[PDB]
Structure formats: C-alpha cells, structure tokens
Amino acid sequence: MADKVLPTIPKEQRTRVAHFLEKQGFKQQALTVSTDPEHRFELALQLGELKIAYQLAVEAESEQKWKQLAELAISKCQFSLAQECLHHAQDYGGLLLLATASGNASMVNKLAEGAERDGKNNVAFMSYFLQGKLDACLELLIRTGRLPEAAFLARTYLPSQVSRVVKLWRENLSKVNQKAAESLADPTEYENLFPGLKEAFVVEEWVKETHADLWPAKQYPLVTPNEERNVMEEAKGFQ
Amino acid sequence: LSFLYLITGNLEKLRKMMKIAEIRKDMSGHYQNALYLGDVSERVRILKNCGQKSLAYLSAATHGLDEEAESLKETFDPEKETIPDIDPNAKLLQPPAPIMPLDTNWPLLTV
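In the order they appear, the protein sequences are chains A and B. Those letters in the first sequence? Residues 1 to 239, by our numbering. Those letters in the second sequence? Residues 240 to 350, by our numbering.
The hints are simulated quantities; they were obtained by calculation from the structure and are not laboratory data. All residues carry an ideal CB built from backbone N, CA and C; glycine is no exception. It cannot be assumed that every hint is accurate.
[As the list claims (entries may be wrong)] Covered, in the sense of this in silico footprint (three residues per stretch, anywhere, with C-beta under 8 angstroms from a C-beta of chain A), are these stretches of chain B:
#, region
1, 252 to 263
2, 275 to 289
3, 301 to 312
4, 339 to 347
[To be verified] Derived EDC-like pairs: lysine to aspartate or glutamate, alpha-carbon spacing no greater than 16 angstroms straight-line:
#, chain 1, residue 1, chain 2, residue 2
5, A, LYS110, A, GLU71
6, A, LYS76, B, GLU318
7, A, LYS51, A, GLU84
8, A, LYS76, B, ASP278
9, B, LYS330, A, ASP135
10, A, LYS133, A, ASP213
11, A, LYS218, B, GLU318
Next up, chain B with everything else stripped away, as it sits in the complex:
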C-alpha cells in the first residue's frame, strides 16, 4: 500500500505508515521512507541501531549536518579510517509534474 502511495505522487500516507512500522521495530526497512523523500527522521532512530557515527555521517553530511555524526564519533574514540566509492550519485527522481496524472483513483469502463 505504501508502494501504491509512493507510486502516486503524494507524500503523507506513506509517512504515517512509516511511522507506524518504524514504530514496529526495523534493521533493514527505513530505506523505504528515505528515497522518495529527501529528509528523514529515521536517522534519529537509525543512529541508535548503528550508533557508530558512520551511518550517521554518510547520511548526515548533506543537510549540512555531517557534524553531529562526527561529534559522537570522536567521543567514542573514533574507528573509521577508510571508506568505499559511495558519494551520492544515483537519482531519486520521478513522479508526476502537471499534465498526465498520478492515480489516486483510477477510472476505467466495462466498455
């Protein structure tokens, strides 16, 4: 259903749902909320699952917020030292600008 909601070009319903299944635990699923979005709040939770400031940085940096991820990372006694490619490079783009719909509701006919 969530998928239907993201298919369609509108934003909330998925988010409450996201709340209500985030709230029902998770280790690989948060992902669903993030892409079609920019911003995620999941990160507040996420760090707790990870909490190695690593995820928090990778995620963090672009809202102009790499920084908190570093603060903890330091506090720990950091453990990061090498990284692989991953520089945001894939397009979270597509959906439905004016003319030629969405489909909340879909019309048809027996004919």
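One chain only, chain A, in its complex shape:
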C-alpha cells in the first residue's frame, strides 16, 4: 500500500523513514530506500554489501571512510579488495600487519617506496632488512645520521662499508677534535679489518648462500615458501 505512496515521497522523507526502517531492523530494506552518502555509508557498514559499499564509496573521498571501512572489510575477511582499498588508502600500518603475516616482497617494494615516505627512521630499516638489503639499510642511515649504528651493521653483515663509513663518522668526530675523538684504523693497527680475519664475508659459504637465498629451506610447509633461520642456519653458516 505504502509502495504506492513511495513514489510520493522523495529526498529527505526517505531518510527519516529510513531511520525508522532501520529501527524496524529492516536493514536491507532500509538499504533499498537508502538515501544519503553518509546514510548509506553507515548503513553499509552495518549491511556489508561489500562491493556495493564500494560503489557507494565510489571514489570514497575520505581515507577516513577507508579507515573505517578497512576495519570492516578485514572483519569480513574480504582482503583482496581490502588490500585494494587499504592500498588505495595506502594506509600502511594495518595493511602491513596482513602483508607481513603471509609475507611479501612486492608489498615491500611499494612499501619501500612508502618506507621512504614515513619520516621516522626506524620502520624503514626493518623493511630494508626484511627485504634483505643491507644496502638499503645503510643508505637510509646516511640520511638520518645514524652513524655509530650504521657502522655496526656495516661491520656485522659486512658490506665493508665499515671502512668507508668509519672514515666519515670519524670525520665528524674529527670535526670535534681530540685524538681520542678522532680515533683511527682499518686493515691494521687500531683495527686489523681484513687482517683480523673473522665473521662477515667471503666466497664459499657465500656461494652456498647464493643459492640458498634462492631456495626454500624446507622442513614441511605450504605454497607460501620456506627459509627457516635458526640452529641449523648457524651451523651451515659457519661451515
């Protein structure tokens, strides 16, 4: 009966009543009438026509929508898309949590790009590492003035930037003269670098490694490939 009336209601009317309908709990039906982007939106949150919600979003026109929505999407476990929205949002933090949990390089490159974006030094490093990229970690340091720290990495996992880097750090120190403050040596004397001969470089292990990076470590797994990184690793690594 009402439907005959329905033509003979418009804009705003629909809204009020929609709220009534919503009160009725005739959410779907409430959806059908739906009439305000906001109105549609909130209801949409309740409702979850997911795709449908997207169309309403269309171009959302507010990350806040995406943020709100992201939580919702994620709940529905409509991730493929969620990723698209979140990505669309480029809302890195939550998105990272998923991306990381299954794992992914690709995410990492784009993200790397992002990593560059973020404005505090630390996250970006994990990324660089995570990717496996000393190089990236070290380059990053150059901008931030992480210098003592950069040396440790450069030493540990040797890109022998310890030599290069140390000179520069030392130079800062140098600026701030005093001989102790200057501090000096790479192959020999103070440090014996390559003459010490101990644990962050060489070819053979490295060759084995070269491959290693390429295969999946294995134990028993899924399509989501292996790498391990534990006891075993220590042993071969020494070899």
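Please arrange chain B on chain A, whose structure you already have, making use of the hints.
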C-alpha cells in the same frame, strides 16, 4: 639493545629479552622476534590475540603447520573467504658468515 643483538649475528639474548617483553604484554611487537629467526613461539600467544585462525594460517603453513590454523578455523564456523597478495616473498637474510665479523665487542684506539 635487542637491536644491537640482532645486528651482531648471534641468537639468544634477544630471545630471552623477547620472552621478557612478550611476557610484558604486546599487540604489535612480536614481529621483532620473528624475522631474524625462522621459527617463533610467539605464534602460540599470537593466535590468542588474533585467534581468527587467519593469522595462524598465514604464519602457520610453512613449518608444515597451516593445518592447526585450519582446525580451529573450521570449529569456529570459518569466516575467511578472500586474501590479498602476500605469499612469502621478502628476504630475511644477512649477518655474518666467516671472515669480516659481527661485533660483540668493538676495538678502536685513541690514535
């Protein structure tokens, strides 16, 4: 300090520390223990924070252990239905094979 420990090419100290801060709660931090590692135990805890078998699967599958994550997931009345890219594809690799150190201890000189 943990960072120093992972920088260096050795494994325990971070792990006790990991215990002792895991043990001091967490929602975003477990991550620290996992990467340089393969294996994590965090997952036992983690699932409890999540507990949607989702995290548990994503994480799970490779030790050849996707499976328990599914068992619960089913029990619940599952809710997963779509996923995004993420297939383990970034390198947790680097650190210190023989010749050209670590640095537990770092020598220098005033000279």
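Hints, one by one, checked against the model:
Chain A is given as covering the region 252 to 263 of chain B, and this is violated because 0 residues of the stretch bring a CB closer than 8 angstroms to a CB of that chain, at least three being needed. Three residues within the 8 angstroms Cβ limit are the bar, and the region 275 to 289 of chain B against chain A gives 4, so the coverage statement holds. Restraint check on the region 301 to 312 of chain B versus chain A: 5 residues with Cβ-Cβ distances below 8 angstroms, three needed, restraint holds. Closer than 8 angstroms: that is the beta-carbon criterion, and the region 339 to 347 of chain B has 7 residues meeting it against chain A, so the requirement of 3 holds.
Of the supplied pair hints, the one linking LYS110(A) and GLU71(A) is violated, its CA atoms being roughly 22 angstroms apart against a limit of 16 angstroms. Only pairs whose Cα atoms come within 16 angstroms are accepted, and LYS76(A) paired with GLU318(B) is accepted, the gap being roughly 7 angstroms. Of the pairs offered as hints, the one joining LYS51(A) and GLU84(A) holds, with about 12 angstroms between alpha carbons and a cut-off of 16 angstroms not exceeded. At most 16 angstroms may separate the alpha-carbon atoms for a hinted pair to count; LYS76(A) and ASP278(B) exceed this at roughly 29 angstroms.
Proposed proximity of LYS330(B) and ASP135(A) is supported: the alpha carbons are some 13 angstroms apart, at most 16 angstroms. As the CA atoms of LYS133(A) and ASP213(A) are separated by approximately 12 angstroms, the hinted pair is consistent with the 16 angstroms bound. Annotation: proposed proximity of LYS218(A) to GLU318(B) is violated, straight-line Cα distance about 29 angstroms (limit 16 angstroms).
The structure fails to meet hints 1, 5, 8, 11 from the earlier list, while all remaining hints are met.
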